[PDB]
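Next up: just one chain, as structure tokens, the form deposited without glyceraldehyde-3-phosphate (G3H).
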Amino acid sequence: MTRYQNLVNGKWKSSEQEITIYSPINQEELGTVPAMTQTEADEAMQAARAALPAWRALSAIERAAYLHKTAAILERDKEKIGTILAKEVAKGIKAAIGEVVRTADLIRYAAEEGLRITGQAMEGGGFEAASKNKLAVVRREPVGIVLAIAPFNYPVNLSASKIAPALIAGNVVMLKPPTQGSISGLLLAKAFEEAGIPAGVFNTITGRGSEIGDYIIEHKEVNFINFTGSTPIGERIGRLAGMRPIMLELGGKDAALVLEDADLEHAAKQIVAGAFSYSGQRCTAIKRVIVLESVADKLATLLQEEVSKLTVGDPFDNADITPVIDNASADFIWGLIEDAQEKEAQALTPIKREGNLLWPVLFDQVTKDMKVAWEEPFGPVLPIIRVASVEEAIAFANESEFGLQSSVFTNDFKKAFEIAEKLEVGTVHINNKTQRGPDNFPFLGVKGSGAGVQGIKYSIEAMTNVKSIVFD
């Protein structure tokens, strides 16, 4: 048995109690991570508070050098990290190695982007002539101790997208890796520690949501909460964070609005790739197709073909559809499928289940009464909703309680721009699948899909405070 331990104040620490992690594919005992106690979690935050000053007292280029060394150590260990990440969140082996290398690239970009944050030198005289001799120098300072909470679906990539923009800002961070995927967060901590980052600048917390989960969020040293997860927990984090600054990125039901003049082969390929990447267990995925009744039949057949050519197996065979993360989620997916299937929705793809591994289901003839039309599954299920006009498509898309992303497949671009401006959403992709995209691109969700704006530049900006120095 491999026993992993938390990085606290530059040191490795085990707790009295431990948590054992099991593969979502084999249920094989994968390792063990410590289960910390409220007191051991205070010690970690006191270490962070004590390491804050000497760390934000460095120049940006030195801590950027630390980040670059971490990225190099990550990239040389891509297979070692990737195989256990694949084992732990049931991800394809090429996909896991891919996110490790994409994480290294994200860390490099964040290091060189937080290294160029310039301020302002505002003047006074265009507002009043009595304040004409007052220059204000508006620079930007770290918020302090940033607590990053990572999702299971990307334990290395979303955690790093939280860590690195904080660290380059002069900002001490504490990571809480998810319960399923804590080994990956601890391997990221291993890379950070081997890079030589000072003691207390990067710390990890592992435990059970019952003991230290809400305690670390409501702590006084914590200055910024950066959370990725689902809306039930995001609502709590928003309510009990207080007046304190937060960044939440919760779920979404991204719609693929397909119109009359649309390249339906391109639309079908892009929709299936987006919808069934990582079994649909990703927040930025197409989770409903809203297509006009004129082209809906051609689109349905094309989608059926694309979904049929998807391989459904083991992660290490690089299957397209690997088993979902646990049995509770598979039960939720099966409930959504049963509700849709008993309400007379034609299933264009076979519906079958072997434990966690459940087959991609493509539903057609979906109405407003089936729950698969409204709820985010995180499973390989894709409803097809048929509407009469583009106005009904806009109304149906905007009737969701979520608003991350959308796709507006069409051929007229003034029409796509009109539709994109009418969609209550954060990002509109025209003629493409929804992505978190190049990570310089902004990433946000509106309505109940999040709070704050992600992306490297905006993440670096958000975990900082502006300070004006006003003189004559």
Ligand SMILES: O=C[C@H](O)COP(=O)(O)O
Contents of the next structure:
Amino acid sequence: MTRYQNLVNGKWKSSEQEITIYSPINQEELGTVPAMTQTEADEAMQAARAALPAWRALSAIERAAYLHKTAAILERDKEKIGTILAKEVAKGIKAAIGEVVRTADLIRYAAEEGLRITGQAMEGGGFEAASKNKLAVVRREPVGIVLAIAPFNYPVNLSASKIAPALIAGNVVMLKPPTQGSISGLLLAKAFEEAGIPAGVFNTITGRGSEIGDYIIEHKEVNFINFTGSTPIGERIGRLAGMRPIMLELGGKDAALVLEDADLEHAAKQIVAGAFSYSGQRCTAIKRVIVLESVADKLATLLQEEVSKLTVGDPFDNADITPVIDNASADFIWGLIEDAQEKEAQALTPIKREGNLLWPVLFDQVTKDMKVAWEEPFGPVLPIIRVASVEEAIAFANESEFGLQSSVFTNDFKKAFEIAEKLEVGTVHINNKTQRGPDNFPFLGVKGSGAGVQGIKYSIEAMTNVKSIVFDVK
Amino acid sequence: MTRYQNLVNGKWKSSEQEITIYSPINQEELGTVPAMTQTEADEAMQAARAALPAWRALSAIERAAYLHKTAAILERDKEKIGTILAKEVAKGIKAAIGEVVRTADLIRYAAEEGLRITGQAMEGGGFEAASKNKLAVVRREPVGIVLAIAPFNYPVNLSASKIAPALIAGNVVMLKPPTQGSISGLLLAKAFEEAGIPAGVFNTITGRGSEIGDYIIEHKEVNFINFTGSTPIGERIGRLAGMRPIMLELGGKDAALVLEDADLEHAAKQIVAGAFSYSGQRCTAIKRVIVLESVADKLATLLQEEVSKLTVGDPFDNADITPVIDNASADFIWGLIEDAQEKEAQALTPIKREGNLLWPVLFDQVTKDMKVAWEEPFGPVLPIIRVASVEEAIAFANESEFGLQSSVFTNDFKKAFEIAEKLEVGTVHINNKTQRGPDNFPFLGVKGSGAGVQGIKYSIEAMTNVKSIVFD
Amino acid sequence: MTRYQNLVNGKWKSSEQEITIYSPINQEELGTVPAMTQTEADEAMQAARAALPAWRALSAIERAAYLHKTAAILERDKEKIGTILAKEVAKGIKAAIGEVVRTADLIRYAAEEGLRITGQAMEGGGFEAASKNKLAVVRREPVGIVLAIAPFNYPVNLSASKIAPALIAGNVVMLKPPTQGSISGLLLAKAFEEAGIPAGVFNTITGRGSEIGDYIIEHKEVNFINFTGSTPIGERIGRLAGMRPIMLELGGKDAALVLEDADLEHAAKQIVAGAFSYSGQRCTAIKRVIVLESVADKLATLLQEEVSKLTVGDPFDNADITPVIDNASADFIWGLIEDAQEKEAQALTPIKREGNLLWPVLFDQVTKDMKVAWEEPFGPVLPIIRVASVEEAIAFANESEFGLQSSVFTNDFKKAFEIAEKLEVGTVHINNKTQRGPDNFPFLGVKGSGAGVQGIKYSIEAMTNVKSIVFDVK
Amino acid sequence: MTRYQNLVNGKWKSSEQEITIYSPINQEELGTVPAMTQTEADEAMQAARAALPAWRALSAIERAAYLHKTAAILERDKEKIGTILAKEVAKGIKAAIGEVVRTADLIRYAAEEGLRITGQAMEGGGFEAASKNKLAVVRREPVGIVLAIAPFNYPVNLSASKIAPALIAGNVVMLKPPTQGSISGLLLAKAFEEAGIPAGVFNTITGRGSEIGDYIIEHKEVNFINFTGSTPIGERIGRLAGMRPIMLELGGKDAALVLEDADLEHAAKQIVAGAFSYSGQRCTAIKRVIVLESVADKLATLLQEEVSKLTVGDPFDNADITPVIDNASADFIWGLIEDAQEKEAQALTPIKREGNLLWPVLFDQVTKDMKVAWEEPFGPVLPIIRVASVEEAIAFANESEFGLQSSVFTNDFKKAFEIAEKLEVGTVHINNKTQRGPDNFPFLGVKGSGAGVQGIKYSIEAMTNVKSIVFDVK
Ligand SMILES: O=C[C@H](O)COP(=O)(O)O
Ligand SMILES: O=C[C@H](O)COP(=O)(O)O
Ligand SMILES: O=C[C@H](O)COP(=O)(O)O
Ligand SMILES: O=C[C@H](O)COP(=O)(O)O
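Coords for the form solved in complex with glyceraldehyde-3-phosphate (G3H), given the form deposited without glyceraldehyde-3-phosphate (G3H):
Everything in the complex follows now, all chains and molecules, and the chain you saw is the first one.
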């Protein structure tokens, strides 16, 4: 019964109350995290504010040295961290060891990306002849206190993808780990503390969302909100932030537009590997298949073979399909499956449940009226939608409320490029599954998938402030 | 009795109701502008949404051609537009003609800068050996319908600085000209219509702010709100926009920090020219002087002479101090002046009201308890605040709720650079007054002066969406 | 008999000796240009060196104003300059006025692009913690005097492409027009002087190569040599320039790699349009077809139909095949054609020669021993080369000594991209012919095809010097 | 008595003959170096040509892993390499060890900088409406084989500054160590080979310039020459290169312009620290004090006491003034001192000579007639030159045939910026000594002082070719 604590002003501290964390696999007690109160969150913010000056008065290479030390420690304990993460959010054990390794690679790259940030030296001579002697030296300064709110699916990766870009840029970071996955956020904080990050530069906040979860967002000391989660909470954040800068990475129903000339075997393998990784619990996952009618049958057969080869089971057996995060999540996904079945959709895959453990349901004949065609299941369902033309596929893709990513499988790259130009998404992948990619590529969503563009350089550039210094050079 | 109309879907439209516009100089009826209803706003947004795809299907050079045409036409009617915008916001006629010519120059520069927006080609390898031979082609696409809300002080320049950067990027623009200054917004729309801009690409919205003011901000067709105005209204817009991208350019109490080793004559001339241009109704004006005690008396004397050389009167006489925009504005300035003089501030110039026409009040011995050290007047009042140290000056400057711009007057540029690093503003000017400047320069506020970075390149970038395309 | 004059120090200057220029189409006469002596070249160089300080002192928008005025005057006298151009180099009057118009467009774009050249404000904190208070403001200064040597092909376009990028960046320009199309260069100077560009900012130096050819290149006043022409002369310039910066745009042997999946009709049309534009006298024209065996016969038939549809005549009938520039050119192309004939290459189109007027020769079954497979003809002859594999095509394309551009005609863009990365050229066009393209695109050659990157942005950057100013900010 | 060998194709080689290398400190023999022949140089070039298309095919992060391994090994053996370097080139032991760790974190920065080189995605629609659908994907490809020639000055630092920016860019490198400092080049090769660098990727050439000196520069395998030496040999190289790209870092005569408002104590300290570091044997050292007559006497006294407190002796006692590299250098420097004192220059510090070890000479009343005012001594001689105005100082500064770096000591920064923009140098330091600076900063000479822009990013981009791939998106 481990009693994990909160990093606050460089000291590990606990709270009077604590939240118990149960495995989504078998409800094993993983430990407890403190249930902070509003005054505790307030004092963590005031520690951050006090640590900010000396942190941004450091040279970039020094902050990067701290970051590199953190990444080394994180890679050192990749199995300790990986096991706890694997039982905390019920993801495959190699998938959970893989997240820690990808995390360390991400913060190494962010440390090295954020010490190469170059300003501009602009002159007014090109705009007007009267300002020919004026020189603006434009650079970037930290926004201040960055508040990072991590999601459950990648509690170590999508938390470090906010902490490391903010830290190298000179900001202090306040981390809010998810409700499920908070022990992993505290373990990330342990790696940061072991590195030697100065007191107050990185603080953690754990608690009930009904007590401090709004209080930390509307706090006056917070200068930037970096949030990954679902679109409802993201829309609430966008209004609770006022006009303070935010980065929201919300839900996505990513389409796989498959056309007649698509190499269907590769398309099916990629579509299934994208759709069912972490049992569908990914924002950047293939969440619908929009296939043309002429190849829809063969694509459905290949998709069925791929989805039948998926091993459902328990995280430590390295199952492709592990239990979903909550019972409420399984109930919501089950409702989507029920609604599809009631409207005469062809479930060409066993449709059975075992509590949290759902089965990789591949549906066909999915129409506009089924909720599985629009709602993000965040679980193991994959709709197949048949369209008559490319225009119908593009209209179906752009009918979604989400614009995160999309895949276009073709053989004609000129055709794929103009479809990609037509798709109202942030990223289009040509003949590949949709993903966050190398975390040096831009990662952004549109209409409902969030605000701002991520990617390591884009995240460093987003939690900074432009400061122009203008003088005369005669 | 000119009945100005609204550009919607290329055609000119009027409404049943009408707002009447009176000069802040002598209250003459300048004309009337339509008071659109929420349904008419909706139709303007639908015209915009239908015009968007053919506008971004146009090549960049083809849209820049329209922008250059509009700038040439607008410079053609520099005197006609200038007189109307002079008597509409009580701006000096040589400054109102200058606003139009600088507007034309901004549209030219925006066209030619939005021609050259180049994307990236990232390679994946270098972050992972697995993602080697994945190529991301990163480019920018228009956000969609850009809603621009212009301020009264520059109805033509600060509406074009939202329209032209958005239009060149591929967006369609829905302009919301201010209440005082709506006629100049339609005079700017006249140029866009004359220069063959396609239907629905540029539309104008005029009406009472209690009928369509929130209806247009909250509309779902709006994809970007570009707003210039006051901090209360901007803070309201910030929440009303949701997670839609916004550009807010709110107020600012720009400080003029003067040190002991500083050319006081140059500093005084710059401080007064900045502070009292358009009689203080500028977001980027010197709105407070923070001088060190040793040079405070010499600077006060020099500042007083500079203020005394100011001409107060009528815009068409090219006065330095024309009347403020409204009576409520003058009452608010007069309240600040009263609060200051009822607290023993040394008024160094003759406090004198004549209706809207206020007088260039220069105050001294201003402390933190007077509400003129903190509140942005938007009128002809300059507080001198004396501090004992450079640290005291920086703390006083950073105590403001605004962070737009600031000036540091000294002779040690290394000292000025250090102070500029410490100042929580967007732009620091060393040994010059604050200004929006060369409009290619970044223009931004922090802390409460706004959200986002303006300046033409930054404006074009802000109203676009990154569109990555990854392949093998 | 029009006695054209050299623009020197704002004044029109003539010489004791004048070179006479005759029409390549009928040897008529067009006028004379001053054959300057070396002292005259010195006075032009000194005029430029004295004009340099006040031209640099100008604001960028003020320098751009002259450029825009020149562009307007050029677009005004489009038909006059065009007629003299089509007379000078036998180009085709609708393709000669097009050169004048594309030249004014280039000048406008160069002015507007040079307005926006922004510097860097680099900090040392990312590299070391001891330099964290040092700021480098890095901007670009003019090199000084730029010597632009134009070719006969495009004597106002490939001349403006050196003058305008140089002028907008603050340099003063020496223009050495081609010995043949010099009258067109003096017309360009007429336009620049009419715009009102200051005295000594743009001068022209005509003459005989044996007197002032190496003389102006070796002058110590010249700070940059921008030369486009033939590869041997380019090598001589590369030696003669010492360590002074140069930009050489030399010959090319651009290949059209045609694979089996290619759309052969599009390939044939693109290849013929690229290859026979201006009678093959372009460095960026297609100059050899490298085609796989399977589709080679169908491609050759399509290519033959395209070639035997080209108009051969005089420039004022707007012929696609107008006479080559001089008699030595026609003799060299005829020699290549003969060498191909004796080694049993299949002439797919008639082999005719009416003096300078050559007929377009499509040669099939061309092998590595015929010299038309390697040498740049600068004449209307295109060899088709058959290869058995994609690797054979890449080996044959990279066997050339030239590296300017190439086309890959394919249907698989992934394959086309792989081949493009394998081709040793500056630019690869996928399913299109080679061109200088939009002039904002980079234009460069590799191994034997030149030195430096052209394109308006790259040309502006090439003829400037980085000037870094480093100071403490704390 | 160690016999060092040449890294060729992953193997160590002696040739038949060996150049024996002696310590410039006394004469102590420290080893021999293979006197390679033209044939062996050819085999090394061919090994590099064969290793190229596997190093290119590697990922940027893998090539960077090799670079980081080399940097780690280099810091592991900093004292052994440093001691050998200090006796090899006669610099203080703490300064020879300090260019081994400065070299290692030059190598780290080079790798981290080279693995985020981004390309462009240019569209043609801004230039013309006919090319709106053309997209250029502009990326950078390795130049090929890089020839790096190091100077004796920094045989490790000024060698890695060419190797690492090359190797990270994907192109293989051949290193020619200086004749005096060959041991250090082979010691750096030892670290590169120990790191695991693939065979043929990093080779080393030693021998006699009369045998293999022009032979390697003129070799057709070489695609880029990166040379830092003296202006004569750089003039030869710029000619022998042809049109092959080169980077030349030649000599300098950096001036410290001191005006009347200047802080004279700071100027006096900075000037001596910059001028006499490594016995004045740096290209970027201060070699000229140009001071206004009002403050010239006070400056001269401060400078004299600054120079007098320097220590002259042995490198292992960490003398500030260690002996110059060879006897020819001491003869030339003594000739400069001679010419100065015959023409009635006022020696402010004693002039001495102990064969190779000279004493630092502060010369006042230096005029444009003494050779010490114009020639680069590469020895501990600093001439003070008095001028009557700032315009006279700028005229004297620009009178030099060198354009590398310059210092302006002022108190008015607007004045210092004015003068800096007037100065014909590559870098101007305001109120600080000239230096190569943080190596991320641009480093260049703009006169007969060099060709090309160095600095880690600038040298990475110099030894690459732009490759544009243009296709239609439509
Ligand atoms: O929330 C899930 C993320 O958006 C999915 O991206 P990732 O699995 O590549 O980190
Ligand atoms: O309303 C505020 C404007 O941004 C001020 O413009 P300006 O500083 O150029 O005079
Ligand atoms: O000399 C010939 C030029 O390089 C060919 O290019 P261009 O005809 O497209 O301008
Ligand atoms: O030019 C050479 C500089 O004097 C020293 O170079 P470095 O930065 O490698 O030590």
